[PDB]
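Trainee: Spelled out, the chains give:
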Amino acid sequence: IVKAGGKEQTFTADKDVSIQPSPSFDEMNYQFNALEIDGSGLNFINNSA
Amino acid sequence: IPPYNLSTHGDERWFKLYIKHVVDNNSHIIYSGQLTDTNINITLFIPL
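Same order as they appear, the protein sequences are chains B and C.
Using the entry's author numbering, the letters of the first sequence map in sequence onto residues 1501 to 1549.
Using the entry's author numbering, the letters of the second sequence map in sequence onto residues 1647 to 1694.
Chain C on its own, in the form it takes in the complex:
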């Protein structure tokens, strides 16, 4: 996740990751967190 920039992300540091087109076409949350000044290194397991 790129580092936070109010001008590109908004006044909130809020963000989430979602998965779709596995099982169904619904949007499911797979990660949540805050946008930091540095990049955020997130490793996820994506089922198939």
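Bound conformation, chain B alone:
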């Protein structure tokens, strides 16, 4: 879930992760493809967003 000032975006593993990790309870690592976020929309307060 991405909160970017006035923008809101979500990404989901079943569209964004090309390789499904194995099921062990020990550790499931989901590696996402680059997620494009709308930086425009950010509030640069004191020049910082």
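What the hints contain is simulated information worked out from the structure, not anything from laboratory work.
One should not assume that every hint holds.
[As the list claims (entries may be wrong)] Here are a few chain C residues that sit away from chain B, every Cβ distance over 12 Å (derived from the structure): (1) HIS1655; (2) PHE1661; (3) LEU1694.
[Stated by the list, open to error] Pair ranges (Cβ atoms, derived): (4) C:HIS1674 x B:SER1522: 24 to 34 Å; (5) B:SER1540 x C:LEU1663: 43 to 53 Å; (6) C:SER1653 x B:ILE1501: 39 to 49 Å; (7) C:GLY1679 x B:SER1540: 45 to 55 Å; (8) C:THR1684 x B:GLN1520: 18 to 28 Å; (9) B:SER1540 x C:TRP1660: 51 to 61 Å.
Heads up, the beta-carbon is just placed ideally off N, CA and C, and yes, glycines get one too.
Given chain B, put chain C in place with the hints provided.
Mentor: Here is chain C on its own, set in the frame of chain B:
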């Protein structure tokens, strides 16, 4: 590494990982350990 099953692995919990076709065609040990009841999560650096 999948969890240990005597019927598929043998009476020993022994196992090792080896590397080949980097530098030479010899089999070199890169990891050793025991086979556990749960899966074993091992991270290695493989040189090229």
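Trainee: Now tell me if each hint is right for this structure.
Mentor: Hint-by-hint comparison with the structure:
Separation of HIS1655 of chain C from chain B is adequate, the least Cβ-Cβ distance of about 18 Å exceeding the 12 Å criterion. Distance check for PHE1661 of chain C against chain B: the nearest CB is about 17 Å away, which clears 12 Å, and the non-interface claim stands. With a least beta-carbon separation of about 21 Å from chain B, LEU1694 of chain C lies farther than 12 Å from that chain, consistent with its non-interface assignment. Under the hint 24 to 34 Å, the C-beta atoms of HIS1674 of chain C and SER1522 of chain B, about 27 Å apart, fit the expected range.
Remark: the range hint 43 to 53 Å for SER1540 of chain B to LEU1663 of chain C is upheld by a beta-carbon distance near 48 Å. Between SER1653 of chain C and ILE1501 of chain B, the C-beta spacing of about 45 Å keeps the proposed range 39 to 49 Å intact. Hint check: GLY1679 of chain C to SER1540 of chain B, Cβ distance near 51 Å, so the stated range 45 to 55 Å holds. Between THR1684 of chain C and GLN1520 of chain B the CB atoms are about 20 Å apart, so this pair conforms to the stated range of 18 to 28 Å.
One distance hint, 51 to 61 Å for the beta-carbon pair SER1540 of chain B and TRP1660 of chain C, holds here, with the actual separation near 58 Å.
Taken one by one, the earlier hints all hold for this structure without exception.
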